[PDB]
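Consider the single chain below, provided in C-alpha cells and representing the form deposited in one PDB entry.
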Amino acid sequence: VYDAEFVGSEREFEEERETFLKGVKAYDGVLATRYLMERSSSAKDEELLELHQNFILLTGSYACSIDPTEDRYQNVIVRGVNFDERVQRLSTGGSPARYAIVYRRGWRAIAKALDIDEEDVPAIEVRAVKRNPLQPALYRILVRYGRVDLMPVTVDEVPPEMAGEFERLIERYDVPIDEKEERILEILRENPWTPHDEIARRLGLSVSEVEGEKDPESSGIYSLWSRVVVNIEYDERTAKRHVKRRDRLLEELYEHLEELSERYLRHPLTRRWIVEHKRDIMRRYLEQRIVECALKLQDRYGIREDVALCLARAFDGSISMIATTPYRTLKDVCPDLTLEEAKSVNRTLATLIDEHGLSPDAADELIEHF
C-alpha cells in the first residue's frame, strides 16, 4: 500500500500542493528530456544533457521544500513500511514525507495526502544516477534533510565538491569514516556516479549495507552524507534566493525544451504535449528498465533467461527491489527460480543462509522485518 494523511493546516495544505505540483512539472521535464536523448547518439549533445540536469536540479529543489516544518504529514506508508516510527527513532529525526519521497514511487503516499489530480501519474522521483549533476547519494540526502539552500538550481551553480570532487566536502568537515565506508568511497572515487547495486556487487555487500540509514549514526554512504550535511549549518538566505529564483527558471527550461526539441524531432515538445503523453513516455522507460534488468540479471548474476525476464517484469526492472525481496515472494512470482539464483541476486539472503546457517524461511523474515 501507499499512504499518508495531511495533519497540517489549510494554509500549509495549499503550500504543499503548490510545492508538489511545481515538483511534478520539474520531473516531467526530466522525462521529456530523456525521451529526446534516446532518439540519437548525436542527441546523447551537452546542451540537452545540461537542460536535463537543470530539470534534475529543480525537481530536487522543490522536493527539498516539502514538509518544511517537518510536521505536516502523518502515518506515511510506502509499500507497507511505516516511515513515521522509523524516522522518529533516528538520532536526527526529520520529515517522514521527504524521507518517503527519496524512495522509488514514494511520491504516491504524498500524492494521496494532498489530492493531486491535475495530471495523471503525478510522479516526483529524485533517484537519477548516471546523469545527475550531483554525486547521486548526496543529492538524495539533501532532499531527505530538505536542504533548499544547498540544492543548486542551475548546473553552473554546481560546486565541484558536490559532484566529481565530492570527497572535498566530506573532508572539509571533520567527519569520521568506518572501514566499510572507506571501501565504498574507493569505488565512488573511480566513478562517483556508480549505481549502488554495482557498488554492492563489487564489494560483496547488499544494497542496504552499501547505503546504510539516512542518519549520521548508521554505517554507509547515505550515513556518511547524513553525517556531513547535519554539520553544514543552514543558510536561510540562500534558501530564499533559490526559492525565489526557480519558478522562472522552470518556465524558461520548458521554452528551452521546445526550441531545442525542434533540432531533433519534427513534432516540438511542449508542456502540454508532455502532460498528454505522460503514460506512453513512462511505459517507454519501463520497457528499457525491464530489458536492462533482465540483461543484468542474466549476465551479472548468472540467472537463466526465462527467470531473469520473469523477475525483471515482476519488479518493474529494479534490481535493488529484487535484491531486497524475500525468497518466498521471489519464487511465488517466478515459479522456476532456484535458491542459488535467489542467493546470487540477494546478498542478504546469501549471507543469512551461508554464513549464519539459517533456513530460507528464517532469512526471509529477517529480510522482511529487519
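Only the largest set of C-alpha atoms that superpose within 1.5 Å between the two forms is called the rigid core. Positions refer to the first chain, counted from 1. First, how it differs from the form deposited in another entry.
Two rigid parts rotate between the two forms; their hinge, judged among 285, 231, 201, 168, coincides with 285.
Between-form comparison between the two forms treats the chain as two rigid units and finds the smaller unit turned 15° relative to the larger, from C-alpha superpositions.
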Second form
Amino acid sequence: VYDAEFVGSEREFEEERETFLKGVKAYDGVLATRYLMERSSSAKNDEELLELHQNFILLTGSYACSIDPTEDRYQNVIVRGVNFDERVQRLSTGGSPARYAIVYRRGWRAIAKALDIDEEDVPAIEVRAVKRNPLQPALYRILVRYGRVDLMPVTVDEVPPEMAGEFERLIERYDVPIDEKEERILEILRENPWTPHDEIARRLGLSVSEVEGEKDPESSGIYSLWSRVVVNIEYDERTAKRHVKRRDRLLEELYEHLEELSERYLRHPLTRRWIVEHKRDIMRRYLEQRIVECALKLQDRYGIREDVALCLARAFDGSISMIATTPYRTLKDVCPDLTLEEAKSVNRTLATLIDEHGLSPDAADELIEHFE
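How about the form deposited in another entry, since we already have the form deposited in one PDB entry?
A lone chain is what you will see next.
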C-alpha cells in the first residue's frame, strides 16, 4: 500500500537515487545519534553529541528538499493507500507529489520503491523531528514540501533565529495575513515553538487537521501560514548552490565525528559500517520509544483503551497527528477493537463530520482521505 512510479529519464534516475541515498544516510545519523543518546546518560548530556544529532536532522531535511526538483519525476505516489498526486494537483501552488509524500510518516516507502533502493535495510527518510529540531518544526516541513534547498540550513550554527525561536519575525517580515485560528496557534508557539501539533490541537479544542491545514497558502493552519510566508521568499539559487556544495562534505564530517565521540561511550563504536549492519536494530529501538510514548498519551489524553492505544501507536510509528488525520475505516482495519467513540476522540474531524454535520462514517472517510 506504499507505491510510486519513477517516470523521469535515466539521468534523472541517477540524480534521484543519489539524493535519496544521501538522505537515507543522513537519517541513519539521526537514528544512530538517538541510539547513543538513549543508551548513555553521559552521552545524552554531551553537547557535542546533541549538536551532531541536530546537524543530522538538518542534512536529512536538506536532502529531502532536493527530491524531485523538476516536480515531474514521479507518478502515482501512494502512501498507505492515499494518492498524493491527486492531493497536490488541486493545490493553488501545485508542487511535487514525492516531496509532499516524504513529509508524511512512511512516505519514504513509496519513493524507495520507485527508485529501487536496496542498499541498506529499511531505507527511511523522515523529516518530522519536533523535540530537538533546530528549526521551528512546521516551517522545516514546509521547506521540504516546497523544495527549499536555498532556505534549509546545513549546520546548526547557521540556522537563522527567524527560523527557530524568533520565528515570528519571519512571519512579520512580509506582513502576510493571519487568520484568527492561526493567531491562536501562534500564541501557543510563542510559549514553545516546538509544541507538537496534537498538543496545540488538544489545548485549543481543535482537530489536528484544523491546526495543520493544507500545505498551501490558500488554506488555514500552521502549514498553511508557513506556506503563505515561504512562497513570498524568492528562490536563491546562489545559496542553494552553496548548501549543496557543503552538505556532502558535512555529512562525512558528521559521521567521522560520531564515530570518534562514540568510542568513549560504547564498546562498539558507531562507525558507518556498524550503523548499516545494525540498521534494523537501530530503527526498531527508535520506533519502540516513539510507540510507547504515543500509547501512553493516547490512553491518558484521549481515553483510548490500553491495547487499542498500542495498536494505533505501532501502525502509525507513534504519531498522534497522523492517527488524528486518518479515516475511521483505515484505523479500524489495522486495529479491529477500535470504537467509533475512540476514533472521534483522537480524530476530531470525524466527530465534527458525523456528530455535527450528520455524515455517515463512510462519507466522512471519503473527505478525510481525499481532502484531509
